[PDB]
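Let's start with one chain on its own, the form deposited in one PDB entry, as structure tokens.
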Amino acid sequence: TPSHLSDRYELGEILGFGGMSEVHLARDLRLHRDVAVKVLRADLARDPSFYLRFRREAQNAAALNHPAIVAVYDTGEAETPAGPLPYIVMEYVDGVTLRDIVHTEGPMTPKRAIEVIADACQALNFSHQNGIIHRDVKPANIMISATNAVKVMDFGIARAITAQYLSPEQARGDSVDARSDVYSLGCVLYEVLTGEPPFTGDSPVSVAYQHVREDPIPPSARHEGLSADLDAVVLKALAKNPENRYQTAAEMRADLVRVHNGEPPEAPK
């Protein structure tokens, strides 16, 4: 990992290293600005059709342009001993994923919470109208800027038209669409509120099963200060039946902005 990709993007700190890539905080030497570069796990997973998933992820996010969605600025690959090293240059978000905020602060204030996810909705609704589906919406792919701004960031598994956060439909290879993301955000909205996903399981299958077989314990019954009006929103988006939940993410937001003010949720039960 040449601390100087293509001789232009000076690598610095390490913002994170998963099981596929290593994201570094870099310096664009030409534009004198800080950027976040994503590097395909130094060849350890660069020979297979994995490079495709990477190239097609850079371009699947490059197709979108919205504040809440991390922008892509450039792609490429630098040459190194073992071969090509595909990198992606994104906007830098000095922040924290929600996975973190829910780990060192516990649950978010209902209103704080409502606020975030409503912004996340705005990003997905856009992503949708542009024919992109983020098949991977989880607390670890939504970031909170150092100025409390929301950023949605992982498209590695997104297709243009760890299952604690997957939809029944997406559980199997079934129908995965707009509403799937809608169902996912419902889990996030749920964790940021209780401090946990609607369903916990010792093994993946027990969880999947729970998603498509058990009603999500109402938020109120799971945590303190929870407006049974907020329950109406959470449990709606978590409805096992696509048709019975919000059809668009803007429709979900609409019912979040409602609760945020003081209005009645146009959600049932």
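In this text, the rigid core denotes the largest set of C-alpha atoms whose superposition between the two forms falls within 1.5 Å. Residue numbers count along the first chain shown, from 1. Compared with the form deposited in another entry:
- Looking at 35, 217, 45, 212 after a core superposition between the two forms, you find that only 45 has a C-alpha shift of 2 Å or more.
- For residue 254, the Cα coordinates differ by under 2 angstroms between the two forms after the core has been superposed.
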Second form
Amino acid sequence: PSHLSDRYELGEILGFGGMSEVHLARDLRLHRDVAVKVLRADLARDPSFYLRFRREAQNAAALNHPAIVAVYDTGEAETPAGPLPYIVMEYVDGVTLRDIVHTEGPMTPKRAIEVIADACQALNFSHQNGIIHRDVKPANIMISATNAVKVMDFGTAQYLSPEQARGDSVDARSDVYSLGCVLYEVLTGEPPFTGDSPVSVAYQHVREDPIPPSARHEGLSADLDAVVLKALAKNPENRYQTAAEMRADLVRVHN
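Switch from the form deposited in one PDB entry, shown above, to the form deposited in another entry and output its structure.
Next up is only this chain, free of partner chains and other molecules.
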């Protein structure tokens, strides 16, 4: 519809997915640009999907940090088709790391360290509030018009942790590994493992050791190689135990 609950004037699609479509809208009451995530409408008439969407809002509303995209409001739209659930979120006028890597190529080491170090902060806060991201990838890290780092989707086979690939339990270390794959990508311009099928990639994550970043892309310090390969360790006990631990090591390479 045109206006959700006669207050949110919907605009251009910023992105879409399997269950929800993300629009850019204007909150008429507050006179501000907001990002509105709406359900597929056909999934809204299902108790399994509705429970997942309403709890996705509640989990995201539970985290208030500058590097995490904020939830402002939630509701339902008066369509003749049925009640339409929506989440009103902080609008981030920016581009994803995926867009940056694809269009501008790899980042300078110092800018890549600055970006991933700020992403570590968002993740460590999440872990402190007992939430594990479960989906860290370039598509979920944006860079603001103010150059600020913003992380979305709190609550793709290339950026899985070995435990995820094996279908085992996950924790903060599973997010650290996933972030290591992102840091590797923004540094070298390529993810740590690639293959013609997703199983070809899943197996590599579990058994095949990672190619050092200095070897894939020229002019990368052996200091950075050691940080990236530590986040990318196969055993979670051998990785950084917190995202704070990872930022601390990155901050050191930078200085």
